[PDB]
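Just the one chain here, laid out as structure tokens, in the form deposited in one PDB entry.
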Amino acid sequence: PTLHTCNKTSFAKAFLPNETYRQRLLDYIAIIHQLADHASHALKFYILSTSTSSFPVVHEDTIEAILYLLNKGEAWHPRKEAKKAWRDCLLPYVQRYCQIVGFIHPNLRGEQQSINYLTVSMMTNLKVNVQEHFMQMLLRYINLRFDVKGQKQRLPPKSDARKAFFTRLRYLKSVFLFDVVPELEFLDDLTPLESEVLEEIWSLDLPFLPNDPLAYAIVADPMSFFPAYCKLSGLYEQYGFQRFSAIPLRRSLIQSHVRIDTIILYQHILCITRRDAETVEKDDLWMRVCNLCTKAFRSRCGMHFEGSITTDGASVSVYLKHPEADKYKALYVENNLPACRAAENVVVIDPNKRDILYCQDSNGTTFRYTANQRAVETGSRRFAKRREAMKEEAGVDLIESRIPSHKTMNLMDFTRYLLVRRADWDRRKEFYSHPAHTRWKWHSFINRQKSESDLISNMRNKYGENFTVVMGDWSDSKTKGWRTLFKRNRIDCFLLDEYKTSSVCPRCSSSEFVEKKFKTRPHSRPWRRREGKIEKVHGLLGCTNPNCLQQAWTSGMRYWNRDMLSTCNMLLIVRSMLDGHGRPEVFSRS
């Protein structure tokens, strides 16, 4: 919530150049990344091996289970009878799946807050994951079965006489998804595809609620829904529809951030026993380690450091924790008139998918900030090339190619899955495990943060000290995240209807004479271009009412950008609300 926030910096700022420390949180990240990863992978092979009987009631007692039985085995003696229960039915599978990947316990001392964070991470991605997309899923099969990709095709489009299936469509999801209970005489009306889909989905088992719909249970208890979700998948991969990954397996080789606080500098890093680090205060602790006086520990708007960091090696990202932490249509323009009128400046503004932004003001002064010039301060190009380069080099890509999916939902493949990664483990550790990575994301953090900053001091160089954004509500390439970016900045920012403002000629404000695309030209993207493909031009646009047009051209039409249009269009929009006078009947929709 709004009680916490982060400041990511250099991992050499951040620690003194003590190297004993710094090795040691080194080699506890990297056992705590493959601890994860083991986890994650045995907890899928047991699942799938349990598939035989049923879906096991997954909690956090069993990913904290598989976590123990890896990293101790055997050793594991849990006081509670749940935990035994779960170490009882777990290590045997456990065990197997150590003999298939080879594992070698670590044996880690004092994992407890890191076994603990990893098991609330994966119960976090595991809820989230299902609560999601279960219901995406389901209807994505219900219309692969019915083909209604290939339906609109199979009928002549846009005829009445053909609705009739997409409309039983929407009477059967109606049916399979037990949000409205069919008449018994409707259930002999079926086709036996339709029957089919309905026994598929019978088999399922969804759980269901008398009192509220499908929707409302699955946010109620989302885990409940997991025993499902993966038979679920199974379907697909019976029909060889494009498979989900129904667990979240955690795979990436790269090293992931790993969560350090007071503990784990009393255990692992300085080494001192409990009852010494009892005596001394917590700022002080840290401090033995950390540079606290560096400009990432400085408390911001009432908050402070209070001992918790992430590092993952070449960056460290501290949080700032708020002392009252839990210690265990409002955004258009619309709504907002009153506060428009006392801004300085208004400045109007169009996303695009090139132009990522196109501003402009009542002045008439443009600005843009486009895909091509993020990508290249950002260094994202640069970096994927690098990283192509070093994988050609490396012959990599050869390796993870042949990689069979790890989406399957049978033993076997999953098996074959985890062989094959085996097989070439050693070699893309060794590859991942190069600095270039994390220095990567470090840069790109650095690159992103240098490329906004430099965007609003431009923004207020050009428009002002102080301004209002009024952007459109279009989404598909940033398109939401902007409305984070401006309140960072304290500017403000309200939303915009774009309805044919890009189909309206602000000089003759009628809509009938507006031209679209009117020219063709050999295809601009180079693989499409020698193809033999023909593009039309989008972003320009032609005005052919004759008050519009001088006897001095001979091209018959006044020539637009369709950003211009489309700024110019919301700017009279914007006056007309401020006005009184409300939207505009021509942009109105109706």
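Between two forms, the rigid core is defined as the largest C-alpha subset superposing within 1.5 Å. Numbering follows the first chain given and starts at 1. Compared with the form deposited in another entry:
- Among the candidates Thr167, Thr520, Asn363, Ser401, the CA atom that moves 2 angstroms or more between the two forms after core superposition belongs to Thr167 alone.
- With the core held fixed, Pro157 shows a CA shift of 2 Å or greater between the two forms.
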Second form
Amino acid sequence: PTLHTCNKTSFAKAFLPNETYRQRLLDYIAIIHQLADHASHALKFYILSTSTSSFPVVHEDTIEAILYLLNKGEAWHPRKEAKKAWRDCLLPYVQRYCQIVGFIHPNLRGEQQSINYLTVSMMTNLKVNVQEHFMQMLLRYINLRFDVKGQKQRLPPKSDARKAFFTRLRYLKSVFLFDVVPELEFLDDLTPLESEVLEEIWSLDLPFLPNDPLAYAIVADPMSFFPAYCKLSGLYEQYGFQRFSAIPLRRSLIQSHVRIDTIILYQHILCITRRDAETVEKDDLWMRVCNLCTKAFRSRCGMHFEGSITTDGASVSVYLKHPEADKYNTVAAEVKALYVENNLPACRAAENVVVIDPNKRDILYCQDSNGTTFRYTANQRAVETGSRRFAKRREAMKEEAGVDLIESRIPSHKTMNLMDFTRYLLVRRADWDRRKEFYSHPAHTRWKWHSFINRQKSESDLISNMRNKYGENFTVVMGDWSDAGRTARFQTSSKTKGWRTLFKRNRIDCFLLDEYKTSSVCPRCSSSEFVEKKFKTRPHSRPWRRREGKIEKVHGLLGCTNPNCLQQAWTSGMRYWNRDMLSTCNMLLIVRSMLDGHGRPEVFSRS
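Now that the form deposited in one PDB entry has been shown, please provide the structure of the form deposited in another entry.
Keep in mind that what follows is only the chain, not its partners or any molecules around it.
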């Protein structure tokens, strides 16, 4: 549901100036971060080591058992039969992993809450990693085996050869992905490069539903695909393809956010017996360590603190929880539920309408009916957010600390071979002490929190400037990055949710409009037969491409050659235009046509 919110504040303003409590909390979060990292590494090691017999069906019990083992040793005494069996199976592998890494059991007490939270988080990471990326990686492997990389340089752009190649590509995938039932003659209709693909795909033991497609089966029981997914990465390793993280790893040594609640408070922070804690109200028990009067803890939209924070030693994210909280395909409509054509009744009553074109450099280029232009570029975000300022010093310190030569030697972590994974673990352990000392510096977390502060300030200033230029109330109509080869969820509508969310937070209505044929029409003559693009050339701006002698045609510059737009005095012979200006003018024309009821003009249509 949508019954929760978060407010992030600084560590100093969160906890009262009690040095003992702060030190206890810092030690606890460091221990929890170490436990989580070692648990992820041990889970991957166990999964790799058991491939010789069978890929285990990892369960929440598995993660909980791994965490409890790393924490205690053989002292864990679960009473549940499933947990007991998982403990018995995992103990040798965890022992070997600890011996290889030299990990010493922290013997932390009261591990129930933290272990449960980390188990839930890791299982969620497995579920999400298996849900979507499984199909995408399978399709990527199928494309790579067919050598589409080379075929793109072998087939004419539109000739019948490319059509036949596309037909074959879908024909093979339908049988491989269980989309269409094959006939017997399909057996002999396979070249060696295709027979190998069929055999490899079938060797993954893809689970499926007899009455539903593979994609629906993935959504229904995504975790059942976790074993096959682990197999898939192995193939990527055999053929040298772009490897993917089959089993997620918490590589970073920078102190990560750790969950703290009332139970953890009275177990490790306040250090009081449960019988004493149970006799005091939750809020009264929290005030002893946290300044509830701070702005971050105030209620919003009927939500209350409810004793949940996540802290990493530099910033604290306080979660506000609604009383109706959970207490621990049709969706395609959302693709077009927000588009302008379905929201015209609301657009007609908007005080002002602003059309925005996104670009990889001009992240926003906004124009209104009055012609007042505005833009928010990637340079402004990079400078104000401090991303480059932090990057040029945090990465530079590696020269002073010499850790750059350490991280580079680390082999790729996505390997699936047990020997290679052991090599990676040993190499990471070799210089683990120096990296741990380096990342313990407050500067890393301080920059991570200052980045959030700067991004929030930049986002607020952007809205302030937009309101100042266009007015207090306005409706945003933005393009969807349409092109001649973008027709899927992965490419068009997924690259705009950030700005839609940003506008929603400020209660600014945002709608999407088709960007197709936006750069075709000249508004001054409403004609596309006399529009020229990419005529002039200049040296490349990027420092490495520029020194290679590469010359690039201007992308954002367009021209109109129709005589009606040309003054006889102009020696250029063409009226110049900016790509963003023309796109905004065309979007304004389309919106005006839609509002009047005439609909999208035929010239901008996909006919």
